[PDB]
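Below sits a lone chain in structure tokens, taken as the form solved without the partner chain.
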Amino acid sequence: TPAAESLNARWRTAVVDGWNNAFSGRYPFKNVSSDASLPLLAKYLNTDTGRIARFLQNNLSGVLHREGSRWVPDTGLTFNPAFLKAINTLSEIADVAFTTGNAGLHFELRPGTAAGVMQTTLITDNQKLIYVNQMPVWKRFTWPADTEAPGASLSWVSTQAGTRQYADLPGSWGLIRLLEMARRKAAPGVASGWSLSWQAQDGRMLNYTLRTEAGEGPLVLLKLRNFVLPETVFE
């Protein structure tokens, strides 16, 4: 219908044009060195005040409704399935990582053990976890955390060598780039838990368990890899 087509043009002018100008050729969308701006991303995907949420409220209130964090179509106006997938992916990321109106989440890590590993050191935005042999406990982390030098790093001591660096990933997305490198799987019998494993250069495993406050915690940001904001709302 003409109303549907005018809405598609408005969606590009009000939202998509600016989204692509901000995030083209930026990590996490692409595996590149240049980082997406977290405050700019918040301005687009904030749950209630973001540019996308406001567009949905101002133009689609009668055909699309919130169901907690989900966006559900109200039972020549058929939605582009890519548009529905995209807004649902962004609403899930906003619910986990942008609750305060800016990027910010908490999670906990518990260090694990591995044959031949004497020590592990994981750092994110100057929050350090050194594990040698203390009783393993859950350490709370914040992402992002205010620092002059943001980034994440991981190191280990083996039975064959002194301290070695697995990776040093600078920038506000350092933690996310590091998580992208881990082997990840559901933790057996751990509520909202994931077993993380980084295979170090000597073949040894650097093991941790991740526990979140909600959903996938920081792993949710990986849903932005190769993410495309559709240019159309209706088919």
Given for the second form:
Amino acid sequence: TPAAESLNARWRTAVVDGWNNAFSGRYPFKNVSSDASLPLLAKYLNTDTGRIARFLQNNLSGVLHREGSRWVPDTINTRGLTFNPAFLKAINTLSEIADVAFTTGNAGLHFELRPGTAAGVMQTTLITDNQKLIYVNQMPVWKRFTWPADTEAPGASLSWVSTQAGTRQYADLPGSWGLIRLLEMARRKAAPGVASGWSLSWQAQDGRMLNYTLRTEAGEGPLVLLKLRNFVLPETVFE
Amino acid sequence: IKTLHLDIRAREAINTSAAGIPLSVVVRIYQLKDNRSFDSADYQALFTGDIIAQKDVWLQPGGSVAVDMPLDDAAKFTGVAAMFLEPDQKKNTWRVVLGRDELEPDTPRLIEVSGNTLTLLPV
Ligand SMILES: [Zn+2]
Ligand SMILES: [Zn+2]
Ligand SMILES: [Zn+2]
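Can you give me the structure for the form deposited with the partner chain bound, which would complement the form solved without the partner chain we have just seen?
Complete assembly follows, chain above in first position.
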């Protein structure tokens, strides 16, 4: 453990101290107005060149192995150290996020949305980073979206038209995390007849439902960033 | 004929979803030079030089909308197509075509929306 304890100290100096300063009290870690920097998050969780991946490659190559897009401990010749279970769980969560949202070396994923219908709804208008999907109860088509998309004013919004009232705002969420903030407000359930599908439902005013089907290109797609909610990077690698 | 008179009437159960819930629907009215391009085009093509004018009306369940628009001289035909959720594409009951001869000068032609169909009520 003297070598293991000096590695725990290297882990906090090289990774955790910086991670905490950069992301504590920011969205998606906390449900607040302040936003985590997407380019800075990429610097930490890039699969190969990220600060976390570099520390694991440089300090843990022996006892910790990459198995696809996963980090797996060595069961044979543990030096004979015991990993902090919260550390393995943390790096596995981050690897899953990186695998879905940071494959290009920067933040960026694609997903599709298919608009649904509901009683009392005439129109829905979903906008994310200047990509608009307007639906008026016609034959539903899958629309492809990018997140983050290139724009000077990032954000997401959702409005709707009622049979009784006119056009109403459901929510308007500015910033680079706009889409994630919007998705967090939806009632979500894994749709087992569509791959990789989730039914999304925003509860608008007067009991009106704003329904969509989300199809991801891999895993949970943009929903994976919700795993950062209350996420804590552990202060130790080993117990 | 100078003006185009159309009345679009909807029954209580129109544009029914899977759950049998009635929904409002958008009806598009086309002022065409000929009916070949319109007829040959399917739902997908139509809703993404024959087009002189285009008009969109919103039809609420159990509702009605009156179309009174200037008939432009080149308009040999009028196309009425409804942007239904699940239209019957084999039957082609989601749209109607009417030639200028089918039009009355002061009186509107009755287009009835019921379920997933548009029916032109005989004069
Ligand atoms: Zn090993
Ligand atoms: Zn893609
Ligand atoms: Zn007259």
